[PDB]
Amino acid sequence: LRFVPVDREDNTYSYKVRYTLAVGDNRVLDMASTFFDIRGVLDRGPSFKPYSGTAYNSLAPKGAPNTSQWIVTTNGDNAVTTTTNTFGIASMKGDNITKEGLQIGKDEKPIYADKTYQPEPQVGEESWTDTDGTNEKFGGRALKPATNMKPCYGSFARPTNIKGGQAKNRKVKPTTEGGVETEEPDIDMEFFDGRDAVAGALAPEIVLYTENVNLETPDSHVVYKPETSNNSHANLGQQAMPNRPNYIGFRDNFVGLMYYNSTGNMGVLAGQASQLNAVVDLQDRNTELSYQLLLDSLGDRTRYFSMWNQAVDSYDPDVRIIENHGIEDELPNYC
Amino acid sequence: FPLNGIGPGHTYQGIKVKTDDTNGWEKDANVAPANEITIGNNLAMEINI
Amino acid sequence: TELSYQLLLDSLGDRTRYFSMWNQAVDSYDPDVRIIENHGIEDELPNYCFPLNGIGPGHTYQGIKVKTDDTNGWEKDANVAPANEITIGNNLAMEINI
Amino acid sequence: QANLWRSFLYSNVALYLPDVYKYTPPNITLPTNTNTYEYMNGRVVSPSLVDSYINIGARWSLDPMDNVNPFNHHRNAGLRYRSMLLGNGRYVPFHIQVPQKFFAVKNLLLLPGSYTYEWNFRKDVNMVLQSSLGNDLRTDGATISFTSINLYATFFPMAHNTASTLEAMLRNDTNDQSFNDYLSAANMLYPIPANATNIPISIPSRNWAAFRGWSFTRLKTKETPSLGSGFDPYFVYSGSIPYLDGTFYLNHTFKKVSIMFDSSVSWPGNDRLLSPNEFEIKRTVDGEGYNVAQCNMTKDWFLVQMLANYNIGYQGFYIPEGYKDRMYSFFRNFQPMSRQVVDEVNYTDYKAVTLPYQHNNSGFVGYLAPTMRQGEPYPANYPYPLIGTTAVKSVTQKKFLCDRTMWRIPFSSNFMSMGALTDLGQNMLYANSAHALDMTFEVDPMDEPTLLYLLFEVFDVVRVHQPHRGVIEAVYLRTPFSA
Amino acid sequence: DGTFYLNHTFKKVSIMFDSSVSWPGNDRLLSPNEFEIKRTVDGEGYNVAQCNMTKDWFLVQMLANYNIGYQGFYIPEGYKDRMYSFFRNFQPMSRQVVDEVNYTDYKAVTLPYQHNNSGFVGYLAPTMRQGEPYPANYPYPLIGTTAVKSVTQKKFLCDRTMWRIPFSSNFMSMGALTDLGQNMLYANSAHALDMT
Amino acid sequence: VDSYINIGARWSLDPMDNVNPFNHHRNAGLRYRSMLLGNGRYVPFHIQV
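Residue numbers (the deposited numbering), protein chains in the order written: chain A, 66 to 172, 180 to 407; chain B, 408 to 456; chain C, 359 to 456; chain D, 457 to 939; chain E, 701 to 896; chain F, 506 to 554.
Derived from the structure by calculation, the hints contain no laboratory data.
The calculated DSS-like cross-link candidates involving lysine-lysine, where the alpha carbons are at most 30 Å apart (straight line), are:
| # | chain 1 | residue 1 | chain 2 | residue 2 |
| --- | --- | --- | --- | --- |
| 1 | A | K81 | D | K562 |
| 2 | A | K158 | B | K423 |
| 3 | E | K807 | A | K243 |
| 4 | B | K423 | A | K209 |
| 5 | D | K557 | A | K81 |
| 6 | A | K181 | B | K425 |
| 7 | A | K171 | B | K423 |
| 8 | B | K423 | A | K164 |
| 9 | D | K579 | E | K854 |
| 10 | D | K755 | D | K780 |
Here are some, though not all, of the chain F residues that point toward chain C, as calculated from beta-carbon distances under 10 Å:
| # | residue |
| --- | --- |
| 11 | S508 |
| 12 | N511 |
| 13 | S517 |
| 14 | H529 |
| 15 | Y537 |
Just so it is clear, CB atoms sit at the ideal spot from N, CA and C, and this is done for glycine as well.
Produce the complete structure using the sequences and hints provided.
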């Protein structure tokens, strides 16, 4: 049988609840069979991290950056921002490139890469016997210099379309006829050629789809970064480390959720015929410790009961005292 | 994988479309003459842990 | 009958021990496979693989000693080998997350 | 194998070192609050502090680790289980069932009638929530809000006739239910100032009847909150509270315990110990012959602890049976340890190389940071070979660890728990005379404020009477140290 | 062989005697006429163990197996908690998932369009690496300063065990011959039993 | 089912929930009974039932 509170009070750090425990006639009640049901909301906070490592690009080398661009200002006699200094990889292979990007198939009519999602960063050549030297055509994606340089390890950018494209929208499209601006993705196409490419032998070989994303590192921090500024060649080699784990949850046996051994916050159990309170409590007593030792005594303390949050605290015995047995490494290992 | 993620690359120069009568490709000059980009997949070695 | 024996022999004894006579080896599953504990991955420290000789490929170098003549320059030293292979910087390495 | 071992050692020891052993990496600005998660996530510990060769071939816990709380770890199975019970997300609506823990009303058989039931609940995140890092959750944006709290109660559908007979028989004066608190000790907290090693305490003259003994352990004021305050504004710690959950980890820091009665007589005296007037818990540097278990604990202290816990010691020493060796017991957690270290004085070729000047695994590890490899392959200068044909002169170190347990000094003539009411508890001199008790402790100094937890074993009983319908009367009695 | 693994698939159990009366009736449960094993989507307040099981079902299972529930809930001693018992295999679980409706910036990216560890893993197959190092679009961060709106899911698993509904007045195994087994109405009268 | 599946959560996969968990090679009893006969495809056996 459930009892709805007859009075409730909220304070700054206390929640006062009052009930009317009515035991019916020809009945008994064991107080050990009674409990409080608490339903509420919890915001654990930004310090919560119930795991080790990173969830994004875990296999990446901790110094490996994405395909990203930086600006080389280098103003000499005049302000000549060189710019478009690029560093990365292009992994998709197409048949040809004319002006519209990477051709990805045919239908006569050649189909071209959709700038919103193509080229997919998750695809590439299928076998190691690529044997590619015959003037191939390759395409990829890159990060515009307007996005902050970050290691690949831990990098996340939210999707902005059903196809997985993470590009933002560039609101700066003011129509010249006094009309409202129009949203569209900030995806641009840059073309590259080889080293000699003197006068006429200028045919593109890599087409990169530069873009801007909502880059963020939600479970890792940078542990090495040379210059406080951003978007420099030196910043390609910043190293990243995962955030420390922090498991946040309710205490064992809900110790602390109820008030004990406080004279100003003392619980009340009284029959209404009188008003005298049968609960007298002192500040020299420890109720929580008494329950802990009791429930140690009456049962085994490695088993877990989810009802009372009955999960003892412990530590790894190999971490408190260190067994340095050495390392069994007689056999060499190779890659 | 290599320390920098991708393996050794190649030198590349930026080029933009020609706005003149001939629609070819001329050297673009807001682009660096030496951009190191790798084509294909990166370098890797295999191990059975 | 089979279920009756199974529950009986559960009741009368412990069911993790194995007896080869009656093929008495209960079926079970890995508790970490039925319910997945995704604790993450303790991978703070980088791991590297290095060339067999420790350092990577090097470069050829010749010994030179200071000049005891009037001009204090550098002449070829000749107790030194013309081709000493020494690597500058750090060695070669590849990264792996074990 | 080397990489797996190094990863284990780093992620489980090096990141948990005290902040004196860490530095702030350059180009990085960290909050001034040392209790913030950002500060702890932004400091860098040199991996070479705890490396693959640390105490090679030895069973030894690190000395800096010895005074650090071991339950503030992500290897805590209970804590990580309780974290996963709520879910993996930062935002969670919860639904929990909380028990009643008061010793007087957690097992009472309530009779028919109408009663008023009332209690208070905390909203402080630093009290209701636990974190493995111990950072201040108040300043890190944790919030808890209660929507509705209900009380559930189940009844045995007993036959009405037998039930009526039960209330009829249970409303008499001789059928009053009686309960006692399991700990049954009066709790006293005493401050230990920083770097202080001597803490003397004084209790004025009072009756000492029904004394079942002492129990004492060390705590940390940063971890232990102020008792009785509805809200403690100086609590900046969200980790384990040993004062409340029993996870004690500083028992080894004691040196000796001295008991004086009436400021003149000594307890127990009567030359019952090798050191008759005090209790030498551990005796380092010395070693004339009064140590046991291949550690630094003294024979008398081991005998006293064994007799107090398992009644063992007068007829030989042996491993107690498991059903007495509970988790919070002594023999379960007693861990002797020993190791060898180089001889500074007698080794003629000794040099004191500092941390930035030690190279081992050089060229394949980072330099003072968990960063990329750098260096040359070169022979190591660290550590000193303690084995082999060229082993160095050595000196042995001994110590012991004893966690989640309380030191106990029982108030009996033979230190054995023959009964709850000790023999000296009903002794004539302690029956009617009044004595003032003086104690003096000796502890290993530490650079943080500490609190000496003292339990005066008493009898804490309550007699609850329900003579008519809807009437409860409870009569309390604490003996001694009465309310 | 007794290796049962689909006990959680039940929703509710209804018992009808003579097509008119309900067992056990007598308003002995919060849901008097049926046995609500689990109650998802709902949650007015009749769930326990931080999972989706109802209070009444937990009480019934505990009383049937270990005679526990009338005088508090506690872990049964091991020599009753055999391998094929209830408390041994009861596993409450809970998790958070992204809020589709309320998260304003939600996109439903399909499997072939999700890239994580891209450039270091294969594409939809346990094959060679292929791709570019690029920031991931999967999954949604449920922690951190930029955590997304979430909705909680609850369920439970209970293997190698049988749900039990005993034929006793107080659901307790006082003896092999149950009290209602020797009851007059079930002694000589004939009844047709309906279950749903 | 990748390394980030329900990161930091205690959760069994929903498709896995209706699949028989004892049909696994982590079955200790089954693999023990398989090894009792031997490692070969052909085996003469001798059992007591």
